[PDB]
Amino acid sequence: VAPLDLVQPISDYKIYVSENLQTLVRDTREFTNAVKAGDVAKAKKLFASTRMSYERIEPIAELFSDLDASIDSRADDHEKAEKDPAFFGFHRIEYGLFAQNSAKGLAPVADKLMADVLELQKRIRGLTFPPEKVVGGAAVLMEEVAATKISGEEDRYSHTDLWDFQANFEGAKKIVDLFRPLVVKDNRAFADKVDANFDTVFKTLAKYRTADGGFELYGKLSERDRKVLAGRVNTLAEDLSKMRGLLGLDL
């Protein structure tokens, strides 16, 4: 494997990120308009679907710690928790809509979120995507899901965590898929093992689909369920880390 071999995959990855950003902008516009209209039931309905595009590219948003924090911090990232005036973004709005069943006071929060998402899109368009950052960032995202979000930390009021996880896994799987042509060369066995390990995690989430094809609230996963999911998601982190080395990226 040589650096030229990685150029096309990264170019396709940037298109994928750009497309998710376009979707995030459109969906965030509809979401923030519903909040600003005071349409709680509609903003609630759009919360997790809007966030999927963000969670699919989450490591990239992670590069702009203040943007990303602005867009997606949790209450416990703040001294006054939910009543901290520095609590903006999706989860500030989540608190109003789901915990308080109210849009009051959220119009300015929605304004800031729209602006931040537009600004994130702008910054990402100008980024060069080093392949070791793409693959290694995906590995870290898997470990973060397994080891830091497994208790439902992300969506403390809506409990829409499963939608976030699905999108995280989709985004990591896209990176695996883009690099498969390089990998099946000398390591078809490994490339198929990774596909199988992702399959296992996706099938694990499918246990918690509902009758109409949505997701259960995260509280429906037992402690056993969570421990087992965390182990299987760890295998994904391993896989992505090993893939980094197999792509020549450790020099």
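In this text, the rigid core denotes the largest set of C-alpha atoms whose superposition between the two forms falls within 1.5 Å. Residues that one form lacks are left out of the comparison. Positions refer to the first chain, counted from 1. Compared with the form deposited in another entry:
- Annotation: the position in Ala37, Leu63, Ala196, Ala41 displaced by at least 2 Å at CA between the two forms, with the core superposed, corresponds to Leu63.
- With the core held fixed, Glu223 shows a CA shift below 2 Å between the two forms.
- Considering only residues present in both forms and aligning them on the rigid core, one finds runs of three or more residues with C-alpha shifts of 2 angstroms or more between the two forms at 59-66, 210-214.
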Contents of the next structure:
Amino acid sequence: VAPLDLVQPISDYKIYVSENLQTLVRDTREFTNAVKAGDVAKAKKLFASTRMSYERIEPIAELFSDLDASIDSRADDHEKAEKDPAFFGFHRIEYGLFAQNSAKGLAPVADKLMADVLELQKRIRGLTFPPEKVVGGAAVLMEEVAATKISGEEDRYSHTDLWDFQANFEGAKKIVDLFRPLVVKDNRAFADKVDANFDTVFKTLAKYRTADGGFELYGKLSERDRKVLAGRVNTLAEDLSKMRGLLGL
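Target state, the form deposited in another entry; input state, the form deposited in one PDB entry:
FYI, this one's just the chain on its own, none of its partners or other molecules.
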């Protein structure tokens, strides 16, 4: 794959990233202001779907590692866990909303979160996307979805994990789709494989959908169901890992 042939997919991935940030900013506005207005109910129904935008751009969170750890960090990323004042973002607000069932003291965390999403948009505006970090970030995100997220660790309090899994798989697929034209040149069998693998994982999550387009609580998956998904998700990581090889990255 010639270097110049990598320019096209990246710039389209950026438009993609942009549209998700346009959608995130909006949904985070409605979401945060519901939190600050003490409407614990509205904020709970908006939580998972709001994050989908953020969870689809997670294959490149390294390119904004600081805003990542501000927006989407979790309790065990802080030495004082759920009562650490360094804990910010969705999952901090998730604790109050779902676990403790209140909005008390969440107004500060809400505005800071609104700030970070705006700052994330401002960043990516003029941020360049290394192709190996785009493909590589995808493969690893699949690696950690199968290895670590599978535990239910990301949304401890709401158990909205399947929303996030879906958004991760969708964001990762988008990348496979934008690179398929370069890949299919010498590895059509492999491109076809990757599609069928993603298709499998989507068909797997679809068993947990409801008509709204939402998902059952993650607890509802037995530890056997978890291991079956993990195996299917791990296949995705493997492919993205070999896809970046095949493209010369």
